[PDB]
Amino acid sequence: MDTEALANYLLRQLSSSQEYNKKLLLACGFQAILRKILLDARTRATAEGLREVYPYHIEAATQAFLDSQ
Amino acid sequence: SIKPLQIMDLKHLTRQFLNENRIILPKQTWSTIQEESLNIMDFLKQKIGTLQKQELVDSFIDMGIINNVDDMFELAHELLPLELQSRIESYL
Amino acid sequence: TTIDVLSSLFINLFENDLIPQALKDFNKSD
Amino acid sequence: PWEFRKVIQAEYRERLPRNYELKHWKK
Amino acid sequence: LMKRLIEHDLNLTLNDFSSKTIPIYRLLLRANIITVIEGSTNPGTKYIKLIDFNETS
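Protein chains in written order, with the UniProt record's numbering: chain F, 1 to 15, 36 to 89; chain A, 269 to 360; chain E, 133 to 162; chain B, 127 to 153; chain V, 181 to 237.
Honestly, I wouldn't trust all of these hints.
Stated by the list, open to error - Computed spacing ranges between beta-carbons, pair by pair: (1) V:217 - B:132: 26 to 32 Å; (2) E:145 - F:63: 42 to 48 Å; (3) E:145 - A:283: 50 to 56 Å; (4) B:131 - A:335: 31 to 37 Å.
Treat the hints as calculated values from the structure; they're not laboratory data. Think of the CB as a built atom: it goes at the ideal place given N, C-alpha and C, for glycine as much as any other residue.
Between the sequences and the hints, there should be enough to build the whole structure, so can you do that?
Following this line, the structure appears as structure tokens:
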């Protein structure tokens with residue numbers, strides 16, 4: 001699934037070069053924020069210390085993300 | 269509800285991201301990221317209700333992802349296929 | 133994210149605008 | 127008095143968290 | 181900037197790259213020949229250089 005395919009997804013839920041660039045940048049933002057959520061999940065996984073990023077780590081990452089944004 | 273995005277698509281996207289930082293994900297973790305992607309998308313629609321270059325750089329700065337437009341097209345370079353980030357550079 | 137804005141606005145509308153509109157007209161028409 | 131948009135501009139700011147940035151308000 | 185990139189000097193820093201030449205650093209980023217060093221030593225004045233073509237491994 002391409003980053004421009006993520007832009008296509010955001011286009012499908014949202015609704036030509038200028039709009040193309042706008043939607044590509046929106047896809048960049050969505051991808052970066054997904055990466056941020058996963059990175060904060062890894063950070064929470066560091067606090068607990070077991071093998072892998074169990075689901076409540078992504079959960080806690082989302083609450084911290086909302087509490088800071 | 270038609271909003272959800274597939275778990276396999278998230279797997280394919282995050283596989284490349286694992287190389288920049290190796291996140292390892294059990295199953296229910298995949299299901300929770302898929303479920304909370306809906307909340308993330310709604311929160312983004314709140315944060316970004318309309319698309320503009322100044323608007324998107326300001327939104328991503330507010331998000332803490334970047335510090336300036338320089339960081340913004342650095343992110344675009346590291347997140348987009350080669351020709352595209354040049355196309356966006358023409359837009360900035 | 134806006135449920136008790138919606139209901140409060142509706143409830144606020146009725147006692148703030150509707151209720152006095154008929155009440156004053158009802159009082160006037162003796 | 128009738129216009130509810132002016133009321134909501136005050137309601138949302140107290141409603142949502144301060145760190146919940148109301149920089150952009152969707153239609 | 182070229183006589184410094186060719187020698188791969190670490191003094192190639194984005195604050196030394198003028199506003200007129202920061203786009204050239206962006207072009208080099210697109211080229212990806214530059215080792216994209218996320219310099220943690222010093223913020224803002226990030227040090228970036230080309231991968232040394234002379235280094236056999």
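Going through the hints against the structure:
1. V:217 - B:132: 26 to 32 Å: violated, 52 Å
2. E:145 - F:63: 42 to 48 Å: Check passed, 47 Å falls within 42 to 48 Å.
3. E:145 - A:283: 50 to 56 Å: With a Cβ separation near 53 Å, residue 145 of chain E and residue 283 of chain A satisfy 50 to 56 Å, so the hint holds.
4. B:131 - A:335: 31 to 37 Å: Once the Cβ atoms are compared, 34 Å apart, the range 31 to 37 Å for residue 335 of chain A and residue 131 of chain B holds.
In summary, the one numbered hint that this structure violates is 1.
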